[PDB]
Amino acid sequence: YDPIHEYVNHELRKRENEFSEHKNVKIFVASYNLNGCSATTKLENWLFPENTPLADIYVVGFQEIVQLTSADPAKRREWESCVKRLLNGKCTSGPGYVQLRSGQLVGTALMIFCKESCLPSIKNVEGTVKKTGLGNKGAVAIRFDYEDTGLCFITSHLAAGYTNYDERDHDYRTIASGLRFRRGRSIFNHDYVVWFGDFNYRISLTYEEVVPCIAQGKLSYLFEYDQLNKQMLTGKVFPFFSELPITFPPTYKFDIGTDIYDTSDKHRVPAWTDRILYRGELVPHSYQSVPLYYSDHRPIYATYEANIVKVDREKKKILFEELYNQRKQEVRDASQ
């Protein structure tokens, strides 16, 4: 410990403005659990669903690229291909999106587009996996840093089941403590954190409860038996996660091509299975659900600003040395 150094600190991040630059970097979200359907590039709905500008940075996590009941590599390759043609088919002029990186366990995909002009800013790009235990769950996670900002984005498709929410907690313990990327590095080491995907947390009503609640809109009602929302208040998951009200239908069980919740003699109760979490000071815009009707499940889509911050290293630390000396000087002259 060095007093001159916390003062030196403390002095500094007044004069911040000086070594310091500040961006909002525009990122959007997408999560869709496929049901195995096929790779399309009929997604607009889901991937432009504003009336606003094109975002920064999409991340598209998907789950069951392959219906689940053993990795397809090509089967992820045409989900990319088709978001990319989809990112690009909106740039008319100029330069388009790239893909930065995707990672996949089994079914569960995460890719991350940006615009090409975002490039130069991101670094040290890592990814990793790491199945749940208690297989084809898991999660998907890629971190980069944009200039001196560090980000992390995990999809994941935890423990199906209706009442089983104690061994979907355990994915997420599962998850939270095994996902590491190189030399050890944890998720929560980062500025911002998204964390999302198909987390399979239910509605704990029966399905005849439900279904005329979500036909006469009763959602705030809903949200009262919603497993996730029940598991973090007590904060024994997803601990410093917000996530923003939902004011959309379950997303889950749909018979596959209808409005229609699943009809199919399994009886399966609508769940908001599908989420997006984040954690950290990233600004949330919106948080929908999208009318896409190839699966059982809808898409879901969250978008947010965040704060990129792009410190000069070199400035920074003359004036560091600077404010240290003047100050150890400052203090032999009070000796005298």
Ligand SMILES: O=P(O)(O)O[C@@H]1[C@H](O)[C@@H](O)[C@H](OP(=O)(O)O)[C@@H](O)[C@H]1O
The other form holds:
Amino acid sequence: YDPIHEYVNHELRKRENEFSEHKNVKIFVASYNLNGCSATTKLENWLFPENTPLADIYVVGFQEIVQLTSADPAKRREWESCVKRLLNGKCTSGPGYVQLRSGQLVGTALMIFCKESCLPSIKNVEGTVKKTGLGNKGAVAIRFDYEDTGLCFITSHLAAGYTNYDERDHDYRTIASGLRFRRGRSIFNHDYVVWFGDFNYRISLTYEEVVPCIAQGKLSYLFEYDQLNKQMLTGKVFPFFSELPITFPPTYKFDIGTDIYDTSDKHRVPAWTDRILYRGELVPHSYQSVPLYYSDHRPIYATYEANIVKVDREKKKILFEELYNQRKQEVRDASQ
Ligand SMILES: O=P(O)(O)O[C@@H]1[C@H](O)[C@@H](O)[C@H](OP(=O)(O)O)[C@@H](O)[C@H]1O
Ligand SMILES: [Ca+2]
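Moving on from the form deposited without this ligand, kindly provide the form solved in complex with this ligand as a structure.
Next comes the full complex, this chain leading.
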């Protein structure tokens, strides 16, 4: 401990604008449990849902690239090619988007694209995966620094089952403790973290109770029975993560190709299985499901603005030393 050093950091904090520049980066986060459906570029409603500018960074997570009943890199690459074609298709003049990196754990995959113009700012990209224990479930994560701000993205597919939310909570803990990038870096060591996917948490009511409530728009009532909300409220899972209020209907269990909830004999209770949660000072904007019908789940997305800082380290070290000396001499004089 050094009092003079503390003093300097305190003062310097007041003069940050002298060695720091701040910028807002737009980030589009998209999630889709595919039920093993084929890759296609017909995703416009999902990836360009709003009448707003294209994002700087697109973070796309898929579950069940192979329908669940050994990891297919080929199928993941078809999706990569489809997303890239779609993003560049909107870039009629000049530079488009490039894939920074992708990762995969069995049927779960995460791929991140950014504008070519963002590339010079992106550094220390790392990726890792972690399977769940208590198998085809788990997480895929990619992190990177954008100038001097650290971001970490995680997509997952957690334990399936109507009542086994204790196993999903266990999966959360397994992944939060188990995901490690280079040199033991954890997911929490970042300014912004977005963790999302098919967490599989369910609404704890019966099919016959839930369906008419959905049809009647009683989403607030149903959310009172959502297992994820219940476990987050107690700090048991995803502590310090936030979720925007859900204004869209349960994204799971639909007959494929239709607006109809599961009419199979399995009469699966609808649920908000697909979620996007964030930790850190992101500014959230949208959070919605989109009407694509290729799977028994609807895809979802969330948008954010992320404040980025670029620090002139050289210029800051100089001010620091100057302020530090000035203060040490001041204390010297006071002793005289
Ligand atoms: O594979 P799907 O289409 O997601 O269907 C799953 C099903 O496979 C079981 O894992 C299950 O039942 P259980 O109640 O016995 O845990 C769960 O409720 C269903 O939603
Ligand atoms: Ca499925």
